[PDB]
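Below, each chain spelled out in residue letters.
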Amino acid sequence: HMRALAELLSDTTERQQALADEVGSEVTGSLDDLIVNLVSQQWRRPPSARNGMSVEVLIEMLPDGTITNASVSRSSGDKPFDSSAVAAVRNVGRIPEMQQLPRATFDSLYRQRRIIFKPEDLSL
Amino acid sequence: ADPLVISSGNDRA
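Protein sequences appear in the order of chains A and B. Under PDB author numbering, think of the first position of the first sequence as 224, with each following residue one higher. Under PDB author numbering, think of the first position of the second sequence as 1, with each following residue one higher.
Extracted from the complex, chain A is given alone in its bound form:
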């Protein structure tokens, strides 16, 4: 929910975004999306990626949001795809709002952050 796609209340184009992705009940504020926001700023699709190939990436971070680690937690079976996104994660290296949380909440959520890289609008 960033850049030009917030929600259904978003007059971007003809986008019937009635059923959006996961919401925040307990926690995971505007933060996961930030992480994600960041990751794509840093991320880079490969010629190998398909319109729904995906990587679970387990990150590790400091109470600053500074990414201390990041690996492929669950591979798409495409190391470029998987890793390009690792290099998406690692390149951000520090996320903003992690310092706005309870250390306990950060530990819960963003201590290790899991980013699922699952494309949109490929060539194929």
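There may be inaccurate statements among the hints.
Said to hold, decoys possible - Listed next, with one range per pair, are the computed distances between beta-carbon atoms:
1. 2(B) x 228(A): 16 to 24 angstroms
2. 316(A) x 12(B): 17 to 25 angstroms
3. 10(B) x 325(A): 31 to 39 angstroms
4. 325(A) x 13(B): 40 to 48 angstroms
5. 248(A) x 13(B): 35 to 43 angstroms
6. 13(B) x 242(A): 23 to 31 angstroms
7. 12(B) x 244(A): 19 to 27 angstroms
8. 11(B) x 240(A): 16 to 24 angstroms
9. 12(B) x 287(A): 26 to 34 angstroms
10. 13(B) x 275(A): 13 to 21 angstroms
11. 225(A) x 13(B): 17 to 25 angstroms
12. 12(B) x 330(A): 34 to 42 angstroms
Rather than coming from a laboratory, the hints here were simulated on the basis of the structure. Using N, Cα and C, we set each Cβ at its ideal position, and we do this for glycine too.
Fit chain B to the supplied structure of chain A, relying on the hints for placement.
Below, chain B alone, put in the same frame as chain A:
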């Protein structure tokens, strides 16, 4: 936290 679906990356086409 719940793994968030990042579909975006470089501002490619």
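Do the hints match the structure? See the list:
In this structure the supplied range 16 to 24 angstroms holds for residue 2(B) paired with residue 228(A), their Cβ-Cβ distance being about 18 angstroms. Separated by about 22 angstroms at the C-beta atoms, residue 316(A) and residue 12(B) satisfy the suggested range of 17 to 25 angstroms. For the hinted restraint 31 to 39 angstroms between residue 10(B) and residue 325(A), the CB-CB distance of approximately 34 angstroms keeps it satisfied. Under the hint 40 to 48 angstroms, the C-beta atoms of residue 325(A) and residue 13(B), about 41 angstroms apart, fit the expected range.
Checked against the hint of 35 to 43 angstroms, the pair residue 248(A) and residue 13(B) passes, with Cβ atoms roughly 36 angstroms apart. Here the CB-CB span from residue 13(B) to residue 242(A) is close to 26 angstroms, well matched to the stated 23 to 31 angstroms. A beta carbon spacing of about 22 angstroms between residue 12(B) and residue 244(A) agrees with the range 19 to 27 angstroms that was offered as a hint. A hinted range of 16 to 24 angstroms holds for the C-beta pair residue 11(B) and residue 240(A), which are about 21 angstroms apart.
Checked against the hint of 26 to 34 angstroms, the pair residue 12(B) and residue 287(A) passes, with Cβ atoms roughly 30 angstroms apart. Against the hinted window of 13 to 21 angstroms, the Cβ-Cβ separation of residue 13(B) and residue 275(A) comes to about 18 angstroms, which satisfies the hint. Between residue 225(A) and residue 13(B) the CB atoms are about 19 angstroms apart, so this pair conforms to the stated range of 17 to 25 angstroms. About 35 angstroms separates the C-beta atoms of residue 12(B) and residue 330(A), a value consistent with the hinted range of 34 to 42 angstroms.
No hint from the list above goes unmet by this structure.
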